[PDB]
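K.L.:
One-letter residues, chain by chain:
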Amino acid sequence: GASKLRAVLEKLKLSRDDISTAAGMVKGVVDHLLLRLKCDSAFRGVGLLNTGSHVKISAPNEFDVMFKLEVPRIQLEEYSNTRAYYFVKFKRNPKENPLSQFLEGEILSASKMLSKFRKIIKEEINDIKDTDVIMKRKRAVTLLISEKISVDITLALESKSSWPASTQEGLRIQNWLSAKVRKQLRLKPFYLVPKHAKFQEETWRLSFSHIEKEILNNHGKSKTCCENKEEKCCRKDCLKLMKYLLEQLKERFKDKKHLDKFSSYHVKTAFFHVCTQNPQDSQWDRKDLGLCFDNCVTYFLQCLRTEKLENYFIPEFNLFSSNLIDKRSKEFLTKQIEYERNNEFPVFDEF
Amino acid sequence: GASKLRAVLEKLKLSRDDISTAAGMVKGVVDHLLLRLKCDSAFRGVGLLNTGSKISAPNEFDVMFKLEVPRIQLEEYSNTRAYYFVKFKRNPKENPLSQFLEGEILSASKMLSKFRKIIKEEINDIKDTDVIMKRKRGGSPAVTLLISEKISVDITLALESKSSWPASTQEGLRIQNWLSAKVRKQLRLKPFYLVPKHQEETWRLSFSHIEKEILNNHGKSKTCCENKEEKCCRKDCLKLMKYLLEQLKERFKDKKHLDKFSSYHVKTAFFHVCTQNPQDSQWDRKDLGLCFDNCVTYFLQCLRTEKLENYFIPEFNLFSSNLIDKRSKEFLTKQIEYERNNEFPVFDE
Ligand SMILES: Oc1cc(-c2ccccc2)nc2nnnn12
Ligand SMILES: Oc1cc(-c2ccccc2)nc2nnnn12
Ligand SMILES: Oc1cc(-c2ccccc2)nc2nnnn12
Ligand SMILES: [Zn+2]
Ligand SMILES: [Zn+2]
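In order, the protein sequence lines correspond to chains A and B. Following my numbering, the numbering of the first sequence begins with 5 at its first residue and continues without gaps. Following my numbering, the numbering of the second sequence begins with -10 at its first residue and continues without gaps.
Bear in mind the hints are in silico, worked out from the structure with no lab data behind them. Yeah, the Cβ is synthetic: ideal placement off N, Cα and C, and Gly gets one too. Careful, some of the hints might be misleading.
Unchecked claim - Subject to a maximum C-alpha distance of 16 Å in a straight line, what follows is the list of computed EDC-like cross-link-like pairs (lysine to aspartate or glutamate):
no.	chain 1	residue 1	chain 2	residue 2
1	A	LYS184	B	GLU202
2	B	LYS171	A	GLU218
3	B	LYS186	B	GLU219
4	A	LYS187	A	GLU218
5	A	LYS187	B	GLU202
6	B	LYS174	A	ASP156
7	B	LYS(-7)	B	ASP337
8	A	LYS184	B	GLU219
9	B	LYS123	B	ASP143
10	B	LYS171	A	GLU251
11	A	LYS126	A	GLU74
12	B	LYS174	A	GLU231
13	B	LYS231	B	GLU200
14	A	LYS187	B	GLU215
15	A	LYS187	A	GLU216
16	A	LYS72	A	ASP35
17	A	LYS31	A	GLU66
18	A	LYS265	A	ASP285
19	B	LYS76	B	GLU91
20	B	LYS43	B	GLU235
21	A	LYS152	A	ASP136
22	A	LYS240	A	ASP292
23	B	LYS171	A	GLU231
24	B	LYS109	B	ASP29
25	B	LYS43	B	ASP7
26	A	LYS254	A	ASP136
27	A	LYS31	A	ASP156
28	A	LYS42	A	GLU127
29	A	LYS184	B	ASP29
30	B	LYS16	B	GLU49
As the list claims (entries may be wrong) - Going by beta-carbon spacing under 10 Å, a handful of chain A positions derived as facing chain B:
no.	residue
31	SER182
32	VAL185
33	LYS225
34	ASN232
With the hints as extra help, turn the sequences into a complete structure.
P.N.:
Now the structure itself:
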């Protein structure tokens, strides 16, 4: 039964037009912040990474923006055999490095880097008069435009180097998107977002947000997938429904605090794993949406039970490790998803 | 019947290993010429566009030398949708090619002369191999070298423009139902080249790079020719069409009719057949004989009707009566039809 699923997708599609006006407010504020950030020597080569402007299917008043900063000849040192967290050290000596001010030894400080970023942003939001902009407290930088629109702003270092060795056996798209696409994609840059690891406040985590967008917007085995009536698939619709399932349950149990650790990234990672399992476009037929979404729900639940959700790019990194998410939280999310699946998804009818 | 076709392809595949040694000699000479060419102010940003990787000629290599030109303005010559005059848009800073300006227009002749002059000067200086420069024949194959008395290298100069493709290409590259519209959008965002081809002041459009991309990523499916269940015969049909023309051109070299026909005509016609048959199922390995017969058949229709449109410039007809006379197309038709009727005797060896 896909009827109620297709009904949800149409209701979600009705929020599309309002996202245009809201994006206009965000484009204004972000263009301003990038003009003022480019004035500082450190953040001179700062730019917009070119994806979002949504990241929450039930949130037109929520936008995510990424600010790329190209870093020239960098050396990475993997922190404590975590295949995702690294220390950013510099390789060349000439000429003087613009980020020298944030070096806490030979290692670039994430904390000192993000503090200056937060400081310049706090300073420039008071000077912008077009709209009312407030900066939200530490929980990278979240703004609130005209008391409605929230903007999550991330700083990401860009490296045009070859991807770290931890990614060598990841991105298993060879039997789905082809090995020739995998070769082309790995030649693209990689990003590092400042994220500390279990209290190491000097580490950076790998980011492949750009590759995830490429793979989602060119998602079929066939190059003409979703370009004609005979080749329409339900891949994107399954992801939208999985994302919405978690958002609705997270909203339902916001006062409980269990589901706070789960994100749309867990849903998206699990979705790419199901795409690797079902490489044929015939396995994603529009008529089979109900059955396709049930495999996605089912795979996601297996990851929760087995406490195993590997990062799509870093196979050895487990997003569902007991050290990251406690078993009782995964058991609560399992309980809730199973109830929903057993009662024809009541949480879809805004519950 | 594909047996004799598959046999020819295996014999052509046996020339592959010798092409490695020969390419080594060419990589040496070309890397030298590019190092010396980069010394001149005009040809500073010169680079190789990478063709050094005729199906019956391992002692014959073609190389393209790209040169990026910044803010160029094109003026279409006499409603030819392929020939253009190269002008420059901005004023600051001074243009490195100012020496070749024959008015506000960049001279092809003055540009190619300096190119031929630096190349003639550097072939005498380079050691460890005997290199001779062959005399003028055509404007498109611009400078021809002869390494160690065996290897011929055709060196072409091409201007690179990162601008949007001219309006004459707007309705070309009909790969939307085969390679997808999203690929067509990605491909058109790439640069375009202009090779000096004459009116001895014009430049012709070149999309050699797009032809290579389309040939090396040729299926509807992204995994086409990456597994036993997805092996196609597209490349093999092109290799056989190219070899059919080369063998007939050799046979009638003393007659002079087929001199105007090139592998580009065969390749253009092949891309038109790919547009007609967008499905990988239409190019099954088992159906090679039937696939090659459609290619032969389409090519013959173009010869009879005197109509072979450029794959990128629809309004440009490569088989125009003004380019190739009717009696020459009729001779090539006669010969191809005889070959097809007698199980291709020109193939066997
Ligand atoms: O782009 C990303 C990346 C990651 C991430 C987590 C663990 C290891 C590696 C990468 N998590 C994320 N959560 N939201 N976005 N997002
Ligand atoms: O790349 C090309 C392009 C052309 C060509 C001919 C007529 C109009 C436009 C372009 N002809 C060619 N012959 N060999 N290569 N090659
Ligand atoms: O080599 C040939 C060629 C032809 C032939 C016929 C019509 C037009 C052109 C060529 N016919 C032939 N009959 N025997 N040999 N043979
Ligand atoms: Zn699709
Ligand atoms: Zn193929």
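K.L.:
Now, for every hint given, state plainly whether the structure supports it.
P.N.:
For each hint, the structure was consulted:
Proposed proximity of A/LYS184 and B/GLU202 is supported: the alpha carbons are some 12 Å apart, at most 16 Å. Restraint check for B/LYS171 and A/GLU218: the C-alpha separation of about 12 Å stays at or below 16 Å, so the hint holds. About 41 Å separates the Cα atoms of B/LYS186 and B/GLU219, which puts this hinted pair outside 16 Å; it is violated. Under the criterion of a C-alpha separation no larger than 16 Å, the hint pairing A/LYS187 with A/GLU218 is consistent with the structure, at around 14 Å.
About 15 Å separates the Cα atoms of A/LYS187 and B/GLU202, which keeps this hinted pair within 16 Å; it holds. Between B/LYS174 and A/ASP156, the direct Cα distance comes to roughly 31 Å. Violation of the 16 Å bound is thereby established for this hinted pair. The suggested pairing of B/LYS(-7) with B/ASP337 holds, with an alpha-carbon distance near 8 Å, which does not exceed 16 Å. For the hint linking A/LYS184 to B/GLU219, the alpha-carbon distance of about 15 Å falls within 16 Å, and the restraint holds.
In summary, the hint linking B/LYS123 to B/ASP143 is supported, as the alpha carbons are separated by about 10 Å, within the 16 Å threshold. Restraint check for B/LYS171 and A/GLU251: not satisfied, since their Cα atoms lie roughly 32 Å apart, outside the 16 Å limit. Simply put, A/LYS126 and A/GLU74 have alpha-carbon atoms about 23 Å apart, too far for the 16 Å limit, and the pair is violated. Between B/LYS174 and A/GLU231 the CA atoms are separated by roughly 13 Å; this keeps the pair inside 16 Å, and the hint holds.
Under the criterion of a C-alpha separation no larger than 16 Å, the hint pairing B/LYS231 with B/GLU200 is consistent with the structure, at around 15 Å. Proposed proximity of A/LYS187 and B/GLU215 is supported: the alpha carbons are some 14 Å apart, at most 16 Å. Distance check on the hinted pair: A/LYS187 and A/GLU216 sit about 15 Å apart at the alpha-carbon level, within 16 Å; holds. The straight-line distance between the Cα atoms of A/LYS72 and A/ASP35 is roughly 14 Å, inside the 16 Å bound, and the hint therefore holds.
Under the criterion of a C-alpha separation no larger than 16 Å, the hint pairing A/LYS31 with A/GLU66 is consistent with the structure, at around 13 Å. Our distance criterion of 16 Å between C-alpha atoms is broken by A/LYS265 and A/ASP285, whose separation comes to about 33 Å. Using a Cα cut-off of 16 Å, the hinted pair B/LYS76 and B/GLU91 holds, with the two alpha carbons roughly 10 Å apart. Straight-line distance between C-alpha atoms of B/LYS43 and B/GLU235 comes to about 7 Å, which keeps the hinted pair within the 16 Å bound.
Distance hint between A/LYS152 and A/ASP136 is fulfilled; the C-alpha atoms sit about 10 Å from each other, no more than 16 Å. With a C-alpha separation of about 13 Å, the suggested pair A/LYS240 and A/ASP292 falls inside the 16 Å cut-off, and the hint holds. For a cut-off of 16 Å, the pair hint linking B/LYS171 to A/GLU231 stands: about 9 Å separates their Cα positions. Pair hint B/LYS109 plus B/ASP29 holds up; C-alpha atoms about 14 Å apart against a cutoff of 16 Å.
For the hint pairing B/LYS43 with B/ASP7, the CA-to-CA distance comes to about 14 Å; that is within 16 Å, so the pair holds. A threshold of 16 Å between alpha carbons decides the hint, and for A/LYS254 with A/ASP136 the separation of about 29 Å lies outside it, so the pair is violated. For the hint pairing A/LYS31 with A/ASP156, the CA-to-CA distance comes to about 13 Å; that is within 16 Å, so the pair holds. A threshold of 16 Å between alpha carbons decides the hint, and for A/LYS42 with A/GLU127 the separation of about 14 Å falls inside it, so the pair holds.
Under the criterion of a C-alpha separation no larger than 16 Å, the hint pairing A/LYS184 with B/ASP29 is inconsistent with the structure, at around 38 Å. With a C-alpha separation of about 13 Å, the suggested pairing of B/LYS16 with B/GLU49 holds against the 16 Å cut-off. At a threshold of 10 Å, the smallest CB-CB gap from A/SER182 to chain B is about 4 Å, leaving the interface hint in force. About 6 Å separates the beta-carbon of A/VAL185 from the nearest beta-carbon of chain B, less than 10 Å, and the hint is met.
Contact between A/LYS225 and chain B, as hinted, is supported at the beta carbon level, the nearest pair being about 6 Å apart and thus within 10 Å. About 8 Å separates the beta-carbon of A/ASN232 from the nearest beta-carbon of chain B, less than 10 Å, and the hint is met.
This entry does not satisfy hints 3, 6, 10, 11, 18, 26 and 29, going by the numbered hints stated previously.
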